[PDB]
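A.B. asks: Given chain A, work out where chains B and C should sit, using these hints.
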Amino acid sequence: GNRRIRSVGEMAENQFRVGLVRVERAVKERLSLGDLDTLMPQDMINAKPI
Amino acid sequence: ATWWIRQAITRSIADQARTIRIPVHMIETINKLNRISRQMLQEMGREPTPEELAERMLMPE
Amino acid sequence: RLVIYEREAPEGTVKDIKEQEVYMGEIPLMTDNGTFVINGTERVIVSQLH
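Protein chains in written order, with this note's numbering: chain A, 149 to 198; chain B, 432 to 492; chain C, 7 to 56.
Treat the hints as calculated values from the structure; they're not laboratory data. Don't take every hint at face value.
The calculated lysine to any residue pairs, modelled on SDA-like cross-linking and capped at a C-alpha distance of 25 Å, are [unchecked claim]:
#1 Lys196/A to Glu474/B
#2 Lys21/C to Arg7/C
#3 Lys24/C to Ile467/B
#4 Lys463/B to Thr450/B
#5 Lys196/A to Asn45/C
#6 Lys24/C to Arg170/A
#7 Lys463/B to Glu486/B
#8 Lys24/C to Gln190/A
#9 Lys196/A to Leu484/B
#10 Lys24/C to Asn194/A
#11 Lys176/A to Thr441/B
#12 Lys21/C to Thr186/A
#13 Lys24/C to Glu177/A
#14 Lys24/C to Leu179/A
#15 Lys176/A to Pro189/A
#16 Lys24/C to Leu184/A
#17 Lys176/A to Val20/C
#18 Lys196/A to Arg477/B
#19 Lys196/A to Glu27/C
#20 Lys176/A to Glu14/C
#21 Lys196/A to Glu172/A
#22 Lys463/B to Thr186/A
#23 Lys176/A to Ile10/C
#24 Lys463/B to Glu482/B
#25 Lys24/C to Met192/A
#26 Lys463/B to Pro197/A
#27 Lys176/A to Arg469/B
#28 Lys196/A to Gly46/C
#29 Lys176/A to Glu17/C
#30 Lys463/B to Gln438/B
#31 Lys196/A to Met457/B
#32 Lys463/B to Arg437/B
One chain only, chain A, in its complex shape:
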């Protein structure tokens, strides 16, 4: 009752979580400088790290 059972679905969620956090660093990074109607939610998010 003080040992607990994860599994694939839960542990994967944690890994994809950690994937987002490193794209969060990059999202805010670009939003620091961005111009108006030029850039879009694409030029920011990098898929290879996720």
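C.D. replies: For chains B and C alone, kept in the frame of chain A given last:
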């Protein structure tokens, strides 16, 4: 000094940040592919084949 | 969805670009029997006790 300082930093990263030292024109050639493959990656949904960014690059491809 | 609020104004958006489905990585899928294929290799993710 901002230009003289930022010169020496980036002009140094070109020389002694690599184990196999490469010329600066290679480093800017490279970034072209990485910036392109950030677009091409998501812009497609799969990712570019070695002959897809060959077209989007002026290079001998 | 990307929103940009007006400079020094009560939160109203100058423009918002709804970038249709930005791609972020392929997440592996689980087969009918609970295995994964990762490099032509069937793998099972064991549940964990923490």
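A.B. asks: Decide, hint by hint, whether the structure agrees.
C.D. replies: Structure-based check of each hint:
1. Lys196/A to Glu474/B: Distance ~13 Å between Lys196/A and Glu474/B Cα, so the pair holds.
2. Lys21/C to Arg7/C: 11 Å, holds
3. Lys24/C to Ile467/B: 22 Å, holds
4. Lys463/B to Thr450/B: Distance of about 21 Å is within 25 Å: holds.
5. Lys196/A to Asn45/C: Holds. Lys196/A to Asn45/C sits at ~17 Å (cutoff 25 Å).
6. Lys24/C to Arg170/A: Distance of about 22 Å is within 25 Å: holds.
7. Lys463/B to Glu486/B: 13 Å, holds
8. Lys24/C to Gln190/A: This hinted pair holds, its Cα atoms lying about 10 Å apart.
9. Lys196/A to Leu484/B: It holds: about 16 Å lies between the C-alpha atoms, which stays within 25 Å.
10. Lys24/C to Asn194/A: 17 Å, holds
11. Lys176/A to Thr441/B: 24 Å, holds
12. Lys21/C to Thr186/A: The given pair, whose Cα atoms are some 11 Å apart, holds under the 25 Å limit.
13. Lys24/C to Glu177/A: Since the Cα atoms of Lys24/C and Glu177/A sit roughly 20 Å apart, the hinted pair holds (cutoff 25 Å).
14. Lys24/C to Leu179/A: Holds: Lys24/C and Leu179/A sit about 16 Å apart, inside 25 Å.
15. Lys176/A to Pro189/A: Measuring from Cα to Cα gives roughly 12 Å; hence the hint holds.
16. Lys24/C to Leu184/A: Since the Cα atoms of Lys24/C and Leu184/A sit roughly 14 Å apart, the hinted pair holds (cutoff 25 Å).
17. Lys176/A to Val20/C: 19 Å, holds
18. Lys196/A to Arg477/B: Between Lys196/A and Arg477/B the Cα gap is close to 11 Å, so the pair holds against 25 Å.
19. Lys196/A to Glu27/C: Judged against 25 Å, a Cα distance of about 16 Å means the pair holds.
20. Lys176/A to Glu14/C: 20 Å, holds
21. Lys196/A to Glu172/A: Measuring from Cα to Cα gives roughly 14 Å; hence the hint holds.
22. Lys463/B to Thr186/A: 19 Å, holds
23. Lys176/A to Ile10/C: 13 Å, holds
24. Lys463/B to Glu482/B: 15 Å, holds
25. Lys24/C to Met192/A: 14 Å, holds
26. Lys463/B to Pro197/A: This hinted pair holds, its Cα atoms lying about 18 Å apart.
27. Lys176/A to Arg469/B: 17 Å, holds
28. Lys196/A to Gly46/C: 20 Å, holds
29. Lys176/A to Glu17/C: 19 Å, holds
30. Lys463/B to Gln438/B: OK: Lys463/B and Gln438/B at ~20 Å, within 25 Å.
31. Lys196/A to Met457/B: 22 Å, holds
32. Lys463/B to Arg437/B: 21 Å, holds
In the structure shown, no violation is registered for any of the earlier numbered hints.
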